[PDB]
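Q: Residue-level listing of the chains:
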Amino acid sequence: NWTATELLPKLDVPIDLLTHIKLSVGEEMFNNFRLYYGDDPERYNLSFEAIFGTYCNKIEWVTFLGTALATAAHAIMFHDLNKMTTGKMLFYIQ
Amino acid sequence: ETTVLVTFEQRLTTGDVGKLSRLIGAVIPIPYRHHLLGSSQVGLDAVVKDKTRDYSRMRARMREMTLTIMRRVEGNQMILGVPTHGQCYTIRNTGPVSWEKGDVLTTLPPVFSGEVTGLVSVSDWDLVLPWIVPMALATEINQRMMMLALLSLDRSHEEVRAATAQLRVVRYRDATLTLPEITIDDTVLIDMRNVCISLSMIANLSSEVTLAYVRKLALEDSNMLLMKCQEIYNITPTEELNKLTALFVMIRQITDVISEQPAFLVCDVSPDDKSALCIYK
Numbered sequence: 004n005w006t007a008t009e010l011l012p013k014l015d016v017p018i019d020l021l022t023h024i025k026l027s028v029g030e031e032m033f034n035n036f037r038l039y040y041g042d043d044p045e046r047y048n049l050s051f052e053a054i055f056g057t058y059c060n061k062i063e064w065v066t067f068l069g070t071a072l073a074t075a076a077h078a079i080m081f082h083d084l085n086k087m088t089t090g091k092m093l094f095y096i097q
Numbered sequence: 002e003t004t005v006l007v008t009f010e011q012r013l014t015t016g017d018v019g020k021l022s023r024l025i026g027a028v029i030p031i032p033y034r035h036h037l038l039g040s041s042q043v044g045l046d047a048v049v050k051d052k053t054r055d056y057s058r059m060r061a062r063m064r065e066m067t068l069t070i071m072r073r074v075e076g077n078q079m080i081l082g083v084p085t086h087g088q089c090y091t092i093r094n095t096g097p098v099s100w101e102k103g104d105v106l107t108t109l110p111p112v113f114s115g116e117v118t119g120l121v122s123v124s125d126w127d128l129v130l131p132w133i134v135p136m137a138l139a140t141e142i143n144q145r146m147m148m149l150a151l152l153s154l155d156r157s158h159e160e161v162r163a164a165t166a167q168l169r170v171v172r173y174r175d176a177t178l179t180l181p182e183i184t185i186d187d188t189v190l191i192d193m194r195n196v197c198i199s200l201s202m203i204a205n206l207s208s209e210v211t212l213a214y215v216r217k218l219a220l221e222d223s224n225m226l227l228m229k230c231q232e233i262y263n264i265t266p267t268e269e270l271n272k273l274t275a276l277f278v279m280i281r282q283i284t285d286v287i288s289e290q291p292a293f294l295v296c297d298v299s300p301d302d303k304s305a306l307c308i309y310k
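Protein chains in written order, with the entry's author numbering: chain C, 4 to 97; chain Z, 2 to 233, 262 to 310.
Isolated chain Z (complex conformation):
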């Protein structure tokens, strides 16, 4: 189905539906993809009041949510259109980012700066929306998940907390967004292994051509980026290509680790920066 007529059967007001009327065109996920759904499934809030309440379980759980687009909130009826891949759709923002037209946009959890009443707590249930953040932000906020998960292994707990307090502040396009203050979890641990697996194999699959470049570049040339990199031979080319091909599979694999599911491709950011023609789920 595409048109998901949702009767949120809960006890809502005009001021509630006065918010969704102004939000027609936003992103509501549904877990089930019926034609007829209710308040308890529609809206992502049903999983953010879980007791573990970390990005470990919720990142892997919104990958089973199915995104829809808010249309025509009549009374409590919804027209949540399951978008078919490759059509153009206007998409209303909920994350405080101007979305920088032309980029990949992805679906992130409601970011761990409190817990927003996404609509209003209708009978102790608010309709909380995932933030529709760009590709750079979700990759950076999931990099720092692993950054504080790596140093959760080799330091004392106060120095783990010294790591988290340093890197929980993320400033990216008018958003000062916050790390979960991570509970170390097995779902990240099987992923943090696969990172450290992949990092070792790059040190194997890089021959003596790649790594000799920059360490000889600092011998002769002086560059602005090289001033940070200082602070941080066989003749057969075909096997150098053939080792570098399998190297690039690793760095796409480890990028896909700190990535999430790609989603909406921004076509036309509005001049008021509140809607965007989006395609390519």
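Next comes chain C alone, as it looks inside the complex:
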């Protein structure tokens, strides 16, 4: 960027040169130069990107019992369940 060079306040600082700044861009002792001779309208011109607010998707939280399926379930915690094989309710019917 170079509009930031021309518009923004700079520090002023004493600097030496080898020969001449119009020739110091010849062998290019300064990296990435830019030279203008006259009244240049570049710093009188701007742009944005205008990024606005990155809105989050706050996602709705559900649990098993809070849904209506919980009436179809009899939900039981049993912590030694991994050891089980086959829960086998016996029904005696007269």
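If a hint is listed, it holds; no wrong ones were tucked in.
The list that follows gives simulated cross-link-like pairs (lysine-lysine, DSS-like), each with its CA atoms no further than 30 Å apart:
no., chain 1, residue 1, chain 2, residue 2
1, Z, 20, C, 13
2, Z, 303, C, 25
3, C, 25, Z, 20
4, Z, 102, Z, 310
5, Z, 20, Z, 303
6, Z, 303, C, 13
Calculated from the model, a selection of chain Z residues having no Cβ within reach of chain C, i.e. all distances over 12 Å:
no., residue
7, 50
8, 58
9, 115
10, 159
11, 164
12, 220
Keep in mind the hints are simulated off the structure, nothing from the lab.
Cβ atoms here follow ideal geometry from the backbone N, Cα and C, with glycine treated the same way.
Following the hints, position chain Z against chain C.
A: Frame of chain C, contents of chain Z only:
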């Protein structure tokens, strides 16, 4: 209107408007001359993606474009000033010529060495600018149009291609510019007739005073230009003038054939050769 506020409504970036900001003062044509225009008309690229893609249709189509000058590219707003005739204007170059201050400058198509992305292909649309070339270059590049159109009539097609490969290279002021590899067209054919009409009439309107001069000059004198010209009587003066007056109308007519529309007269070429005070559209 003069100030043409152009909102190019397409999807551009900072690096895009970072190019136009550095190009403030160039030549953008518009076809319509409104106060408010868009990207699809502004910029000449809308006619250089035509399928015929030759100098036959595009030379006759930029004569309906209206030239403007780039100012103040804010965001995507433009200040394209339609220039009034006879005011001074700084003009930024796009053709690789140092413009040789004091000459007639004219508007030529984007010359047929590829197809430059004039700004950048913004959503498959680049903003391509006509080259602002001098009068000598546009006349020479349009002479050679006809040169390869004349020999497209009297030779075999490989010898037509032998003609085009010879004369497509044009070297003029740090530019190696290229002929269109011409598709022979009726718009040139009605013009190439009028050339051959005009050439015959010079052979009629020249009496036995004009043509006797150089062919007697090679009898006696020896000149440096005469060495190439070898390799290439009534007493009434008033009708000799009167035949030569109508002859000069023909050679201005046939010059205007291979000419184009005159434009910007260069006043002050910049010391960096990138801008020029220009007047006289």
